[PDB]
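Asker: The primary structure of each chain is shown beneath.
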Amino acid sequence: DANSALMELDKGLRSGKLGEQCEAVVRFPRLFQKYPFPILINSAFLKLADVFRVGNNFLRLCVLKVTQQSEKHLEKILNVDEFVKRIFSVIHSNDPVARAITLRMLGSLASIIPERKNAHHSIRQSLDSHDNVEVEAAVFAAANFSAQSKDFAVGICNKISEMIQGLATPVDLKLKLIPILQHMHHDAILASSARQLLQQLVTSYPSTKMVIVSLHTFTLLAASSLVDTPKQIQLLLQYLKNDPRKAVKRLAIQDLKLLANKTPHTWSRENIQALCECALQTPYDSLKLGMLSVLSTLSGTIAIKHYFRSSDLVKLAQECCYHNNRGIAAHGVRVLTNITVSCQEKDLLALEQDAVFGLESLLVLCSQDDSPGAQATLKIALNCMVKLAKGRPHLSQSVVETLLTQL
Amino acid sequence: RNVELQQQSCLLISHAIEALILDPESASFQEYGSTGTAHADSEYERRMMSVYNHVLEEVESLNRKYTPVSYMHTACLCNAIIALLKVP
Amino acid sequence: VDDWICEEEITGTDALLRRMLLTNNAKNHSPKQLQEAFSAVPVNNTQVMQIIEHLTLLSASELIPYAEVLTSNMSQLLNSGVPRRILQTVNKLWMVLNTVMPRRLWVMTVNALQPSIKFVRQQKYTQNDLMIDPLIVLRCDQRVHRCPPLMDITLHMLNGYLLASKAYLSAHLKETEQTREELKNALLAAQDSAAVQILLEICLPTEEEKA
Amino acid sequence: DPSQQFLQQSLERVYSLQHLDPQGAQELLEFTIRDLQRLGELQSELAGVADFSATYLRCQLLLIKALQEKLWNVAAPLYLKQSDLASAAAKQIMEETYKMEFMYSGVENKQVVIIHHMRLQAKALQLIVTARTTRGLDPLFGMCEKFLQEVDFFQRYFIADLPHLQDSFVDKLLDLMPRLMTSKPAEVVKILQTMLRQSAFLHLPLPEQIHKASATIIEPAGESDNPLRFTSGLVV
Amino acid sequence: XXXXXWXXXXXXXXXXXXXXXXXXXXX
Amino acid sequence: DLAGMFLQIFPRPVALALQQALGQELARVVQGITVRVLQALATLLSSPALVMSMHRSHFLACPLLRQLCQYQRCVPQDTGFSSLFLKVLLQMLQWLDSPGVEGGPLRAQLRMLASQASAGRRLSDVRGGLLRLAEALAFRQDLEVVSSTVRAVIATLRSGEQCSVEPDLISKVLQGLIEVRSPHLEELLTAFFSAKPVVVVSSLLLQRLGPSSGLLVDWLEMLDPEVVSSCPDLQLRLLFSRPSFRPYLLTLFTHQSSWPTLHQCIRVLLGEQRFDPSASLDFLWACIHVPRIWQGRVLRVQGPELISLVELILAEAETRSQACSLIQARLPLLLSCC
Amino acid sequence: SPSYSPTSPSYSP
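Chains as they are written, first to last, in PDB author numbering: chain A, 21 to 328, 340 to 438; chain B, 701 to 788; chain C, 724 to 901, 922 to 954; chain D, 608 to 843; chain E, 499 to 525; chain F, 1360 to 1370, 1373 to 1393, 1401 to 1416, 1420 to 1566, 1578 to 1589, 1610 to 1644, 1654 to 1682, 1686 to 1711, 1724 to 1748, 1754 to 1769; chain G, 1619 to 1631.
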């Protein structure tokens, strides 16, 4: 029986021994999986909150782990007020560890208590505490509550700004503190203020870790709050062509990959032109391969029709088609094939044979080595020539002939 | 697509019975299939639609050229059977 | 709980930094290379900055081979002019290693932080020795008492071994059972009181620094 | 107003890329519908115009997907409705046009004409879909005459703003209308099928102030499992 | 990479086919 | 023959058989006719032609050069193939270094093959190559020349050890590479600082830097173990003076430097309008409120120290006046110090 | 209780 098993693991949490008590606490998610009944999940969560209120910090951490593992079941408790109140009663503990665990509880419960103002005030007060674990837990709770509540976000944006430009805050806690601005995707003026703060923040703290974290949270804000995307793309391209560090360029590359995977239609022709110009004058194959991966992701979408003779993208694809790196060759062949099968202009008749012979050269390079990385480029090339044969029928004879000669 | 092809095969045979044995006057409307981009994924599908087009063209060409008790009607339908079964 | 709540996630900044920086595949970083960086008689702090700043990006499972080189060179970190960032980073790496290998790590760190006047000064401190007498962890180099990143480590080991001695004494009591509960409780209470008293004596502004 | 500028930019991106392949057109319409839905979820005062334009682009996407079906590549006797998609598409476009016309407060004549144009396109698509599955000649002739009557009613009602719909469905119908009265109804169906694919996508004049008609009921409060008991045959 | 390769993408092994493989493989 | 089939290919199935033979030889090398093909190509290019035929049919020419480069890279110990290939590439570029050719993929592939091969050599001395790079930066632009010289200097620092550093020359070279925005700046800094860099980076930061300032800030954080430990005058000029990266350096110095360094800094900062008052008061306020000091839970100053504090606060007030809110904000610090 | 300040708000069940 459900209630019989509930009593069976309920008798263990007055055992006095901490081991059987943590036993009793951590058996709860299995009970929630077996018996998803709201009147029973309610009673289980209320007594979990009671043993959270009276237990030590390890029991509180066990309750926190249970709450994290049972996030989909805590929307069906419906005695929210007294449960949250008896958890919240030990925000007033003088123990900073207990305060940190309660902040992690509030952040874990932020899906079912948005606009709960005493929780917001506790997070705001604990963000200025002198204990590192409490401040980290307050940052975690603020990140959770900013995602679930816009009234929390509008004031906490100003607070996080003022404690980022506050130099008493150390650099590592600043690094943990930047991605709160990712959840500013509630209001247009809120996202604009967050973008202004991030623009001042990148040039104010030009550290490599700072620019990685700030650019990634700026692009997560731009992807979530959709009216930020062209300026974010042009900012990423500017930081890809100007910032000399390889890590910053690598984040710019993977970030433009994310933005091309999400919203390829919002790329302008100038953005593709700037990315191509970045791929021309780079000396590193590790960055050129990533840039060509972004351009090959863009090539399989409608961004080519927005981009469109022989342009910088075509010249770049021809140059990267004949490259000693197999990945760069595969990406250039993919761009050439997508351009060839995308439209039927007069200019692509010349590069059709270029795509065919680049495919054949990639086949003769990727077949005799049996490397694990060679098979991926071989699969890319063979998929590209399948697409070339299907999209344009007449030249399939040469593709079949070179496959037979390579076999 | 294979199940649809079998269904279209027996539908073709039923229509070939109707349009030139039972009632050629009531049947044989403007059933001109808009054969544009024949995006047939398999060779079997290509053979089936080629057979369908050939049989439909024969039925339309032999709609009212003969009396409903005809040797050409039985021959064209009964060879449409062979054309349908020739493809494995 | 302090050794467990540090595993709780904050904002995803660490996974991001690991993904964007550990992929540099500059595989020169190794326990041998870090040991050579420490063992330079003209010691350079810049190289050990670079190595341990790279080490902070590593996961706890892949920080295991660096435990010996990180612990056994902690005596050099007290040598009157070691930068605070080196000590803070070493404390961070020790806290990371504490989540996956604490029973070994405490023994290695206790053996590392001896005064080392003699050749060994009892380098054979086992786990059993520290569970028998947790106050061994307070018999350190005595320069650690003004090194807060090593006070963090030694207080962690002191709290851990004070907790472990209770379980060890209960296990020894049940094994030798084949009253003594009162004597065990008195021993535990006196042990914690002695630890608190020694900790408070560490807090005193000693007369060498007074004048 | 960055949100209004983005909405205008996305709409003109849809309008200016109406020369692509059907797959690319479907991809662009899906992207812009998703962006307009999320913009409506973000800017509250633009939510009504966002889902208004989203429903219009959904109508156009359904029309494009219905016009690119596998049933046009098979003959009329080989057509089978048990795997049909366009018949549901025409009904969906009708429902979306009614939803567009009547659950939006800020509509005017300059939007009602495009709404009724899309309704006419949906009626033509349903006419061709029903003509695929009909073997008799007189019911096909019947609703072909009904559709031409509807087109005549549309040209009579909306004759003022006819010179704004260049190259659309209705004006290209009006060019071939004297042929359309004198044409055999199967040829009418064929020319309609070939002329929907060549019809140009229209433009929506954006209203200044427009909101969705929203309704929520709170007093029934459908979250209590307690039954509401009464005597059989009496009233509650 | 054929999209309709039966032998390829054998991650979705059925029940009858798996038993058939186990029966006709080691023989 | 060989030259017969080169005249058959570029001015087509024989090219595929040629491609297959090259693939066969590379397969045999990695497991257990290339040199003859390269010799035939060299002897054909020595006689003045084919370069326009290979330019128009670049999709038969570039795979052959790619296969030759792969064979050159797979056996670098086979000396003679690499040198002959290098002369072939240089002669091919020399025939293609013409104004009107409408060069495309073939020219770029030959250019990158030359940059991969000829720049791999080690230049003789660090000082001479660094002076050559300084001159190449100093003429006008020389981007291909700058790229070749920085590749040579990178190879020299990777292989050879240190030389006559001449830190003014290093500073001038780094400033020139920053002003021309060379993509090899990070490699050059890494190779320079792997084998007094504090003075060089501080003098570079104290001087436009633009987007390259972040790399120098990262190096200054990383090569200097503390923030103000070596040549402290430049670091006090970096931190407190009348820079966009300054708050990051202040945030470092408040938390990375030791207590004697912080005490010496506040002594020299308090005990002339040399220092910026806003950064000075912010640094003092953050130094009082270090979270390590207050974890789990008041600094005495001398007479002239407190005096210098109060006219520093006054100077901050007048440089803000160019209202009383910032004076009220600075009041808690003067209350805490007194 | 040692975990709560004397001036901390009381908990009323």
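FYI, nobody ran anything at the bench for these hints, they're computed from the structure. A couple of the hints might just be wrong.
[As the list claims (entries may be wrong)] When the alpha-carbon atoms are kept at most 30 angstroms apart in a straight line, the in silico BS3-like pairs for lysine-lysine are as follows:
id, chain 1, residue 1, chain 2, residue 2
1, A, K54, A, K92
2, A, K282, A, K170
3, A, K421, B, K765
4, F, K1578, C, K750
5, A, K421, D, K688
6, A, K31, A, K92
7, C, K750, A, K37
8, D, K717, D, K791
9, C, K889, A, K31
10, C, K847, C, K755
11, C, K897, A, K196
12, A, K421, D, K672
Asker: Could you run down the list of hints and mark each one as holding or not?
Answerer: Against the structure, the hints come out as follows:
For the hint pairing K54 (chain A) with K92 (chain A), the CA-to-CA distance comes to about 14 angstroms; that is within 30 angstroms, so the pair holds. Proposed proximity of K282 (chain A) and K170 (chain A) is supported: the alpha carbons are some 24 angstroms apart, at most 30 angstroms. Between the alpha carbons of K421 (chain A) and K765 (chain B) the distance comes to roughly 42 angstroms, so the proposed pair goes past 30 angstroms and is violated. Between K1578 (chain F) and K750 (chain C) the CA atoms are separated by roughly 26 angstroms; this keeps the pair inside 30 angstroms, and the hint holds.
Between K421 (chain A) and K688 (chain D), the direct Cα distance comes to roughly 29 angstroms. Compliance with the 30 angstroms bound is thereby established for this hinted pair. Of the supplied pair hints, the one linking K31 (chain A) and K92 (chain A) holds, its CA atoms being roughly 25 angstroms apart against a limit of 30 angstroms. For the hint pairing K750 (chain C) with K37 (chain A), the CA-to-CA distance comes to about 48 angstroms; that exceeds 30 angstroms, so the pair is violated. Proximity of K717 (chain D) to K791 (chain D) is assessed by CA-CA distance (about 34 angstroms); at most 30 angstroms being required, the pair is judged violated.
A threshold of 30 angstroms between alpha carbons decides the hint, and for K889 (chain C) with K31 (chain A) the separation of about 26 angstroms falls inside it, so the pair holds. With a CA separation close to 24 angstroms, the supplied pair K847 (chain C) and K755 (chain C) stays within the 30 angstroms bound. Under the criterion of a C-alpha separation no larger than 30 angstroms, the hint pairing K897 (chain C) with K196 (chain A) is inconsistent with the structure, at around 48 angstroms. Straight-line distance between C-alpha atoms of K421 (chain A) and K672 (chain D) comes to about 21 angstroms, which keeps the hinted pair within the 30 angstroms bound.
When held up to the earlier numbered hints, the structure conflicts with 3, 7, 8 and 11 and fits the remainder.
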